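Novice: Residues per chain, in single letters:
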Amino acid sequence: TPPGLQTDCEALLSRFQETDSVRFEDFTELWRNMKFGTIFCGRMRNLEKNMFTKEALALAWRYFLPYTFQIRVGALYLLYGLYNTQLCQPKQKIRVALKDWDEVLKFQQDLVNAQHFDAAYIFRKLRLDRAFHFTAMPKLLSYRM
Amino acid sequence: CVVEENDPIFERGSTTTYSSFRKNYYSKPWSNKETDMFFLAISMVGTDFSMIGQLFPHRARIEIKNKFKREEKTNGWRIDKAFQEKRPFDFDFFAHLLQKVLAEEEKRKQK
Amino acid sequence: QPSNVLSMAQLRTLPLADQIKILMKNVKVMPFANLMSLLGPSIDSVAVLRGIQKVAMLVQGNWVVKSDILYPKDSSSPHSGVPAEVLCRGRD
Amino acid sequence: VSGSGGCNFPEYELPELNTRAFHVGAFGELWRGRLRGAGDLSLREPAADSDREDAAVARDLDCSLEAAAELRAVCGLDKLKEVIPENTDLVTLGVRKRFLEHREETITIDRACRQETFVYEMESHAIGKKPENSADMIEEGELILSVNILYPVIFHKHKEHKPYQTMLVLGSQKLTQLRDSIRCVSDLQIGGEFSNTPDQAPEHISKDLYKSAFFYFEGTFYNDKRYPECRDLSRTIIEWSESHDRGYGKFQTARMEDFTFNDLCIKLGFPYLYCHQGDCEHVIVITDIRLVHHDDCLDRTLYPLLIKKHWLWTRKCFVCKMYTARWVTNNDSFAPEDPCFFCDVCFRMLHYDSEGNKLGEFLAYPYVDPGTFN
Amino acid sequence: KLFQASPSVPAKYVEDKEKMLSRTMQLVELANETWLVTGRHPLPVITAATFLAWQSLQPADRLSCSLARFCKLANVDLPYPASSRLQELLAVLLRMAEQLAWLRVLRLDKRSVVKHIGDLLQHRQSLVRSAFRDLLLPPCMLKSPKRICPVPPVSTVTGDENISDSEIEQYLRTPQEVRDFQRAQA
Amino acid sequence: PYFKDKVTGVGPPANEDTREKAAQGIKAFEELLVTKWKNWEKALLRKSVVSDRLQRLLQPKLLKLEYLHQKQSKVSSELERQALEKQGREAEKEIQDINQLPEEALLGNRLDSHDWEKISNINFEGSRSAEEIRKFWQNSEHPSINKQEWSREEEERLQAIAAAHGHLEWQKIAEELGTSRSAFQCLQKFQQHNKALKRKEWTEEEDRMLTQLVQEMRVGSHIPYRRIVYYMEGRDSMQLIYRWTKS
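Chains as they are written, first to last, in our numbering: chain A, 15 to 159; chain B, 5 to 115; chain C, 24 to 115; chain D, 14 to 387; chain E, 21 to 206; chain F, 433 to 679.
Hint data in this document are derived by calculation from the structure and do not stem from the laboratory. In this text, a Cβ means the ideal position worked out from N, Cα and C, and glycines have one as well. Since no wrong hints were added, every one of them can be taken at face value.
Some residues of chain B that are not near chain E, with every Cβ distance over 12 Å (derived):
id, residue
1, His-62
2, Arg-63
3, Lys-73
4, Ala-107
5, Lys-111
Ranges between beta-carbon positions, derived for each pair:
id, chain 1, residue 1, chain 2, residue 2, range
6, F, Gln-502, B, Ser-23, 38 to 44 Å
7, F, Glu-524, E, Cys-91, 41 to 47 Å
8, D, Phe-347, F, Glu-526, 38 to 44 Å
What the simulated footprint calls covered on chain C by chain D, stretch by stretch (three residues with Cβ under 8 Å from a Cβ of chain D suffice, anywhere in the stretch; the number is not a length):
id, region
9, 38–44
10, 64–76
Build out the structure end to end from the sequences listed, making use of the hints.
Specialist: Dropping the structure here:
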């Protein structure tokens with residue numbers, strides 16, 4: 015896992031936890047004042063940036079599944095923003111697990127009747143954007159290394 | 005019926021087997037403070053091994069007899085000095101020293 | 024559920040290579056056309072050729088089994104007891 | 014023989030090592046069933062759009078066109094931070110600046126990223142490529158499995174030889190396609206002695222002669238029966254396994270041209286075997302199982318194209334060290350080494366005179382260097 | 021069972037029965053002539069000799085094999101003093117190597133003499149002769165026994181008939197100790 | 433890492449295809465490798481060769497001494513006992529002189545008869561092949577080998593003699609060179625210090641073949657110049673790089 019990207023993700027998750035329960039206004043004000051996304055292009059190499067974004071999305075989704083709705087929505091829409099601001103050529107898809115799809119489906123079924131209008135809208139937009147690529151493990155795994 | 009309670013053993017090679025001659029004795033060595041308090045118990049009681057074994061619960065009377073024989077065969081002056089000196093029999097303080105020795109061996113095992 | 028212990032069915036049930044090897048070890052003299060007719064028309068001529076070229080040699084248009092196939096390394100002459108290498112050299 | 018009874022979800026067995034047994038065909042079927050698909054078409058958008066968005070939100074769970082407009086106006090690129098990433102309290106920016114300093118110190122411009130550019134090109138080779146024929150279009154939801162094939166039987170105990178090749182395979186396709194696509198240099202290798210006749214063209218290579226090959230996945234032996242010159246080493250394998258009660262249960266045998274990747278019962282992260290040419294064994298590690306996507310290769314005639322390759326160092330001519338060796342000599346007096354290697358011209362000029370007569374006694378064999386495919 | 025190749029034991033461990041038996045016989049004759057079996061159990065020495073022969077018949081593939089491993093492979097109860105007998109026999113073999121010219125220059129050890137054990141047994145006669153020229157006793161006796169069986173001071177002092185009654189009095193148990201013993205053993 | 437999935441290594445059966453491969457002798461990648469030599473390996477080789485030579489020289493003398501001892505123990509005559517003792521002392525003095533001979537002549541000439549397989553399977557535990565040990569001792573370990581580097585005059589003499597020899601066997605070439613070195617080191621230094629053959633100026637067919645290679649087997653921007661040289665003999669890496677990288 016990436017050392018600094020995980021720390022940045024945890025910091026942003028704490029920032030979203032200290033905000034209101036569920037409201038995009040906090041997302042807007044945070045993006046406006048802090049602008050957590052700073053190291054996206056800069057002056058780096060092709061594969062360096064590619065692996066950076068890949069590990070970022072992978073870990074941000076792996077973290078998505080005990081912490082409350084605040085943390086959950088924060089991670090989900092950090093991923094949403096990182097995908098929608100994808101100026102790179104891969105348009106890297108967010109890595110997902112098999113059962114994670116059914117989990118998010120049950121989550122949407124719950125949102126159908128709840129005070130999560132904006133959240134459901136953002137998740138529907140992310141789904142329509144074809145941004146999810148599902149696998150069996152959130153990472154790559156072998157037996158030799 | 006034996007519901008997989010025991011496991012088969014791949015021993016007793018039909019070819020042949022040898023002898024051991026040493027089965028159970030497997031004594032345990034003494035220590036400095038233990039030898040000191042043992043000489044004290046000797047000076048306090050005498051040579052009757054029954055009482056020595058009764059007062060030493062954690063050491064066997066056979067081991068006590070072996071130690072006494074070894075001392076008689078190697079260090080005679082120490083046994084002579086022990087018999088010269090005498091101490092009245094104490095019970096409560098002896099039990100306190102036994103508890104102290106238990107704590108000491110516990111600390112040793114911890115080390 | 025001699026070297027001719029296996030029957031025709033037990034032979035056909037074996038791979039083409041083993042089939043050709045056994046046929047050569049048994050007969051030691053047989054044309055390619057006869058080998059093809061015995062093995063069957065459903066088997067490829069190139070396959071039969073590749074199988075026979077490894078366990079036989081060409082002699083005046085006919086195919087003769089190699090000497091080592093008949094005389095393994097651990098075998099010996101049944102009449103004189105000489106090693107199999109000398110028998111193979113003599114047959115060659 | 015039916016598949017092992019197990020749930021489609023890959024429940025974990027060991028921490029971050031591998032999951033339990035499961036089926037592939039039923040897995041893919043349930044995967045396609047739990048979705049809608051119809052998204053691998055790259056037809057998002059190249060006018061009346063407000064009514065379409067209103068109908069979409071009405072059919073969906075939101076049903077709020079004003080909220081949809083507000084959210085899409087908030088989520089835009091005109092409000093996105095090229096510029097030097099500094100003047101802001103950050104954490105990873107320190108590591109970034111340290112890496113940039115190390116680059117300016119040691120790395121020169123943009124190079125030495127050989128494997129990186131290789132991965133980049135091998136991944137771009139499968140971006141939006143269309144098939145030659147319209148009937149070769151990969152249907153939506155096709156299973157794509159990533160497989161690592163470790164051919165070398167030895168490795169550097171020092172480094173563990175972490176990287177190696179990695180390929181992709183389709184579920185609907187047969188395992189014979191993967192068998193034939195495996196780029197094993199042992200197949201190109203050739204036997205026989207050609208010292209007296211060096212100009213003789215090597216014919217009937219090991220690939221054509223030793224057609225014996227088979228797989229082994231969870232006690233299932235898949236033996237190729239496509240060619241009439243294929244033997245059955247699984248016979249001897251089962252004989253050895255059954256000759257003594259070694260704890261190995263009964264194993265099933267099947268054909269390789271009748272079972273596809275879907276009918277297999279595999280474990281992600283578990284090593285399986287692919288044995289051919291008698292002793293040429295390959296460790297198969299099926300790492301990931303993913304569906305087809307419009308960004309990936311949509312041509313079924315080009316799904317086996319290896320996605321990651323390894324840099325195999327070639328054996329150079331031991332004499333001149335300028336050319337790659339092509340012949341191996343044993344028991345050669347003129348050779349400076351016992352297992353010696355020579356190239357064409359060097360071997361010709363060292364082991365033969367101007368006329369071409371064999372000078373000295375030796376044993377020459379065609380040496381196919383490992384780096385023949387690359 | 022190192023004669024016939026069985027399923028468990030691979031072929032590398034299988035050796036020649038006649039040659040291994042002859043080697044073990046030579047080794048145990050050397051042990052009997054070097055004062056190794058006298059006073060000690062013979063079977064541990066036999067085990068050590070056969071193990072050394074099995075290792076010398078192929079030192080390459082058997083350099084890492086141990087005594088316990090060999091016992092487990094052969095399905096034989098490992099004797100306890102077998103290790104000590106093996107160490108003593110290896111020391112004797114090292115002495116024979118030092119006696120020999122090429123071996124003493126090679127400067128072998130208890131782990132590299134197994135490959136030359138054969139050369140030792142080839143002419144063990146003169147080697148053992150020279151080794152005895154330059155006896156085998158337990159290690160507890162060869163620790164420089166300067167004072168062998170020290171002469172104890174003869175003390176035949178007898179007096180007239182006794183010494184005194186103070187010793188009788190100090191031997192007799194006092195009433196306090198009698199009552200203490202009675203209370204303790206009540 | 434392990435590559436023994438199916439057959440762990442306890443009962444691996446030698447199958448028909450395996451024995452057929454062994455018979456055909458297709459040694460490709462695992463049964464022909466080689467590893468660099470080490471200083472302790474050199475020391476072990478020297479010691480083993482010296483010990484083998486000394487043992488082969490002493491075994492006849494040891495057998496003769498045993499025969500003399502048997503004669504002494506079996507012959508009860510006193511007249512012949514003096515001659516027996518004289519012969520025994522003569523053999524003892526011979527052994528003493530053999531052992532006193534310095535450790536410079538007991539190594540043998542460059543080409544002598546020895547038991548390479550025996551020495552290998554006894555000392556090297558089979559790690560080093562008999563032929564490899566033979567070559568290493570014949571052209572890399574003999575004490576008469578000159579250790580000093582070349583002054584480039586040996587290269588001049590070698591090329592001058594080869595220009596008339598024809599570059600066929602280069603054994604008489606090394607003999608005429610006369611530097612107390614092995615033909616291996618000679619040819620190594622020669623082909624390391626000399627210039628490339630420089631087949632011919634760049635040509636259209638060669639350029640188009642290199643272009644086809646760069647189009648069929650190239651990945652990204654890196655170009656396998658070694659793969660290029662493999663199919664194009666008579667070139668050098670640096671010049672080929674600098675030339676093909678431009679125009």
